[PDB]
Structures are given as structure tokens and as C-alpha cells.
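Coming up is one lone chain in C-alpha cells, specifically the form deposited in one PDB entry.
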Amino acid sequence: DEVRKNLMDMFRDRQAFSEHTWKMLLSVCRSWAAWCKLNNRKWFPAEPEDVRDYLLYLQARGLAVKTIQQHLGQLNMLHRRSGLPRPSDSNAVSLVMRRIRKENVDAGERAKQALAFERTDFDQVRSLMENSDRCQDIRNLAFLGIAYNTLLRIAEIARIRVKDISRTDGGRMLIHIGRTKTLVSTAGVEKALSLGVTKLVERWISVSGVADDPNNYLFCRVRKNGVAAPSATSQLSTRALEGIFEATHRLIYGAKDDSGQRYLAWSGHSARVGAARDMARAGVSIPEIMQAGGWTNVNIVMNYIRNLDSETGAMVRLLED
């Protein structure tokens, strides 16, 4: 009755979230309704007893703990934004989730992260791709240069556009990073390419002709002939950028298994992780690293370098003296 109004307002300001959240909200509501109408359950308002059976179902489907959490999570957001009791506030639900988390991690489940794209990998890739002339092997080598030199997220590298680019009297470029994705942007408001990586990006800037219009997105599509098609309305999808990583990896280690494992070949974050791991080996303080990446937590970074010989622990040092 009243909830209906809440829902209308919930929608009136749908702008209060990312299209990416709404994707999952809907994506899960779907899965919920689906499961309900097949078991005879009112998908809304959801009854704790039902949700439980549901969550317990996703576990049987093989989904990871993090996913079951997103499902339960979106289910909540839906109910909270309607003056309604969220299923997590029910003693049955929170009780099974604790059951599941333990059951799964205990069963051996485990969280993974991107495959590192370290320095050694930038040099190898710079070698075979360096002397190429193709209007693509150029673009790609410059995207990789930026990925590892600014640890920027792919979605950020996409939005970059010539205007943003400028230069330092040192003879190195400086990508202005306007339009952040946070009020208090933990990373800089300016990322600066090295010397080499500057040259490499320039090469692409000429051969592409994106230079013309400044509102043009630095990176763009490149058809089967070898001609870039600059634009200022559409940006090179994140999916494409991921591919650029995927491809380069394949060009050196063949194809992925028949297996279904994730992170078998480089991906969007592969730069960041590698970047992190290198600064570590170098001796950069955690505060310097955390910022160079725009990280706020400190565990996430320790996660990427948890297997270096430098972070082995005090007991080891003690035993070898």
C-alpha cells in the first residue's frame, strides 16, 4: 500500500546509484522472482523463510560466497528503499549465511585476483610490438604503457581524451584526470607518463589523428584494414580494453585451457597488481604505493604483494638470522 509510494520515490531519484548497481539489482530480482515462481513463493515482500531456502539454493548452484552476498544484498536494498523490513534482519537468513560462508570456505572455496602484469611483462611486450607499424600494434602498446604507468582503472583509461593531455617541461606528458568518480579522489588529479611511455603514446596520437578534435577520446576503434576511426561521442568500450590485455597475453603464451578458471590471462587490473608488486620489490613505502594507485585500504595492496620474499614475516627472519 504505502510501500508503492516509497517505490515511486525510490525511482524518482534512481540517479542516486550507478547504472551498474541497477544492473545487478534487476539481474538478481529477476533470478529471485524466477526461483519463487517455481516453488510457489511471493517474491515480494520476501519472507525470511523463503529467502533462506533461496540463498541455500544458490549455494547448491555452485555460486561463490561473494555472489550469494550480492544477491542477499540487493534483495535488502530493495526492501529497505520501501519502508520495509530487510531479509537480513531476520534470524533465519543471517543464520544460514553464517552457515554457508563457513560451509563454503571450509569446503575449500577461495577468492582470487587478477594475474599480475609486471615490468618484466611490459619490456617483453615492448620488444615484440615495438618495431611494428600497424595502426593497432601501436595503439595497443600505448594502452599497455598507460595501464602500467598510471595504474588507472580501465573505465578511467577509456574516458581520457586529448584535451586532458598536456606536457611537462621535462618532456613528459601529463594526463589530466578530470571527472573523477569520488568527491574526495584518493588518487591524484593528474597522472604523468614516463619518458618512454610518453613517446609511445605520441606515436599513437599521430598515426590515429585523434589529435584533430580535442574532445576526441584518446583511444578508439581500429578496423580490420589498419585505420583508426577517432570519435568524441563513443569511447572504446571497457570490454575491448580487457581484450587488448587478453590478446597480448595470448600472443605470448598461447590460448587458455579448456578449463573455466578466471584470470588465466591478463585483465583490466593486471596492470595495477603488477605495478604494485614492482614498487614493492623496489622499496616504495606502503603510503607511497597506496597513493600511486589511489588505494584507501591497505589490505588490498598487501594482498597483491603477499607472496614477495620481502613480506615473509618476522619468524622467517628470526630462523635465518
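Residue numbers count along the first chain shown, from 1. Definition used throughout: the rigid core is the maximal C-alpha set that superposes within 1.5 Å between two forms. First, how it differs from the form deposited in another entry.
Of the residues 124, 185, 215, 234, just one CA atom moves 2 angstroms or more between the two forms under rigid-core superposition; it belongs to 185. After superposing the rigid core, the C-alpha of residue 24 moves by less than 2 Å between the two forms.
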Second form
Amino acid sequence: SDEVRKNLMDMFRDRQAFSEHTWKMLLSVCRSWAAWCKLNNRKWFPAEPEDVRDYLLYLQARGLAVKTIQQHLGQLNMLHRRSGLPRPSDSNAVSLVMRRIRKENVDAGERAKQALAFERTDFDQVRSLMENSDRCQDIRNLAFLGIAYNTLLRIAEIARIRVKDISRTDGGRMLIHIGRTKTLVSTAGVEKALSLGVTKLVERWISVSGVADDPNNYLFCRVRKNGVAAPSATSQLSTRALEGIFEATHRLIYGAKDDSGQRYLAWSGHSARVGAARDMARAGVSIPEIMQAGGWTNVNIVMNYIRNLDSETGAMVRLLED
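Take the protein just shown as the form deposited in one PDB entry and give its structure as the form deposited in another entry.
Next up is only this chain, free of partner chains and other molecules.
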């Protein structure tokens, strides 16, 4: 019990060992679990397996996604494991119910969704539509989409790019040094190469924004309504705004998304990453090169990305016709 308090304090003390998003969800889940405990007369900590079981069953009846329910279970597991206590999932009651909730939801039609693909044909369409615009916001957005599609970088990684991270190949192509991604923490990092065309889009953005005035400036910054950019070395353009760029670009071409409240009605932050992975598969690029493009280490994760390859233009339709 004194040990438990020690263990939690040690975890809190070295806070920055974890992603800030891990903490955010720990706290979000604890809040949800503690609120449910209070209303149902249960002790929130240590958590009893039968209580956790009941709580997961309640999340299922709320109609939450399997992955949501797993996230709640998982945060509860971590809180116990890192306290030095048994995990809820160490008991059959919890581990079996989680299995059950997954099978039942899937059998009822649930499957995990994926960002709408922003693909080469989309990039070309957007390029031809927007390339001539001299609005600073459009110059920015096109450079952003170019990088997103060319490097497959996640939006948080793109948001973190500083001017000093940009260098050049002998042949003129931009190279973006990346040191931290979702899966990589390294002082060696990776370089992401941009094509000659995407290099030009980025230079146009660097040129009208003036972000190069200080190499500590983040590459991307906000653009106020007077078409003026606000470079900054301390605030990133939010990943929310990067999502917004994808959504506004989709809206430009296809109009307003309907009102059904479903996710991925329009392009979102992961859309170019999914799109480029699909184009590479279709073009016959070798697995190891797809891996390198996306910073992936195994084939399963690649399959996760290309799982929704368009069927109508797929291999089997083309083979059967013509």
C-alpha cells in the first residue's frame, strides 16, 4: 500500500517517459471509470474484476467501438500494472468479456474504419486547381498536402518540422530531417526526400511566408485573414488545423459532408498516408520500400494501411475483363 503510492509517484515523477496522449487518455479513462464507479457504488481503486467486467459491458451497451472499449480496459491495466498490482485483465472475467465484446460487435457488423484515401489522382486534381492561387493560405495548404503525400508523415510529425530540419540533395531535392515519430525516438532520426515538384511547392511556401527568417521557426504556421503568415519558433500549427486543411480541400471539390455524424466523410489527417501506401502497392513497389516510405517494420502494419484498396479497379476485375 505504501509501495503502491511509491509506484504511482515514480510513474508521475517521470511523466515525460510517456506520450502526453498516453496521459491524456489515462486521465480520460480514469474519469469515466471513477464516475461510473461512484454512480454504481463501486470502489474505483484497486479495481475489482467483476466491477471492471460490468463497466466494459456498460461501454458496450452505450454502443462505443470495440477499440474504445479496449482503450478503457488498457488504461486500467496500465494503472494497475504500474502500481505493482494485478491487472484487471489478469482475471478470466475481464479478459474473456473483452474477447466476447469484440466478437459480438464484429458479428453484429462492426469493423474498424480508416481515413478516406488522398491518393495521387487526388493530389494532381488539387494541384491543378490550386497551383495558380497566390493566396498565402493556398500556397501553404498545397505545400502541406505535397509533403503529406510525398513523405507519408503523420500530421504531428509535419507540425514539428523546423526550417533547420530542411537540407538539400546535390540534385536539388529537399530533405526533411525527422527525429521523433510515433514509433521512433532517435538522435539519428530519418530523412524524408521530396520530389522536385513537391520541393518547388515547399519553396513557394517558404518564400511567401518568410519562415526562413529564423531557422528555429516551424515550417508551417498559421495564416490570418489578411493573407499574412505568422512564423513562430514556439507554437506549432495545431494538428487540428492540419486536419482542417484536409477537410477544407475535400469540401472544395465535393461540397459539404452530410450530417450522418460518421467519421471519415471527408479527407482527414491520415488520408495522404493511407493514399500513398495504396498507390505504392498498386505500382508494384517492393514491401521493403513501402516499409521505408512509411517508417514501418513488418508486413502486417502495411496490410492494415492498404486493406481498403479500391476493388472496382482491383486486380480481379481487371483480370476478368478486356
